[PDB]
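Consider the single chain below, provided in structure tokens and representing the form deposited in one PDB entry.
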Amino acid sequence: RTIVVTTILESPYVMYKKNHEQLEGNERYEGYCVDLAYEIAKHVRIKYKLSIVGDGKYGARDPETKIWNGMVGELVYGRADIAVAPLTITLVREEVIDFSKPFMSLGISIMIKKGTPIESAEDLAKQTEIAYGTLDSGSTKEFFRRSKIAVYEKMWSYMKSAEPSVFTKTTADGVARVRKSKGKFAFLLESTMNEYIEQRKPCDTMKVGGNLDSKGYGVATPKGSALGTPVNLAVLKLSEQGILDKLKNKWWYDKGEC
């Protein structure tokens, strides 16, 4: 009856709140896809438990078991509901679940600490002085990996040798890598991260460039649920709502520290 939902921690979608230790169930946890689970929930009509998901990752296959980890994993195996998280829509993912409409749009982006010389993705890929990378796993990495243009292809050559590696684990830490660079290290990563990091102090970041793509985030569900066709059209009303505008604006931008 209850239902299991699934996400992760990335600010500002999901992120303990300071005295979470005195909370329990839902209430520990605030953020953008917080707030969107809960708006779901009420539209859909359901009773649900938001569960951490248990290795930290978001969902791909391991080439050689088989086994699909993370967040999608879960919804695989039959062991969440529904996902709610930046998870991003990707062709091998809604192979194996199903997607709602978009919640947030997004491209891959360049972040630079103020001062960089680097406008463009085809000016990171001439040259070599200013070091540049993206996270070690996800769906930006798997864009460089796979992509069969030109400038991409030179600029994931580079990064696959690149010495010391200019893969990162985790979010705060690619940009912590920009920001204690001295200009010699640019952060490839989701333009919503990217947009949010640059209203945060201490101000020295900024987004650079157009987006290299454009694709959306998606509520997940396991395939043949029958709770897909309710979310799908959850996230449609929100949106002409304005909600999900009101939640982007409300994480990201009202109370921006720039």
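C-alpha atoms forming the largest set that superposes within 1.5 Å between two forms make up the rigid core. Positions refer to the first chain, counted from 1. What changes on going to the form deposited in another entry:
Once you line up the core between the two forms, the Cα of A162 ends up 2 Å or more from where it was.
Let me have the form deposited in another entry next, following on from the form deposited in one PDB entry.
Partners and other molecules have been left off, which leaves just the chain.
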């Protein structure tokens, strides 16, 4: 019947259409993941309903209750059948949900307000004047928390006990902080987002240095779900036909402003 697709409000993946308040259902949203959801549904041949995840989080297991939140939690506890969003494929998640092969490749990167004297992770680690942070409850924070690499262990030790907190609830909050910090706050987010922001007015931020790692985003389904196989082949098909590239051009560069 109708599949529940959990996703998250994160531009340019999923955003409200200009006149969304006068709309209903899937028509309220637009973006890369909305188009991707549409393309996959066509191949897997299913009817679906997009649902912005309640807590607005990507997904992490609370060390306390051991309960999964975010979109990951929606799949784990059976409140959603599929998740189409910029959800990073990681080991801890692979253990509780299934991931299609990646539909996009990326890595953790550094975002600075233009003019900031920072060109690498090493630069951030060896100073204290400029504060930095990452999104809360996601793969990026876990990367730093788990790294055995000196430079990253150093950054984690600083972010872990920063006051006030340097962990934001959304990508937008991180970006806003970078913009109003007048160069005193750098943000650590995936290259896809960093690249998108650089191309959006007021064009006051930029990605510096190369990525810190290499990974990908995958369409996720509950562990053992029957949709896993069809969805994975659909992702590969769309990759082969260059549809995924068309969509990146559409939502990133066709709409550039800098």
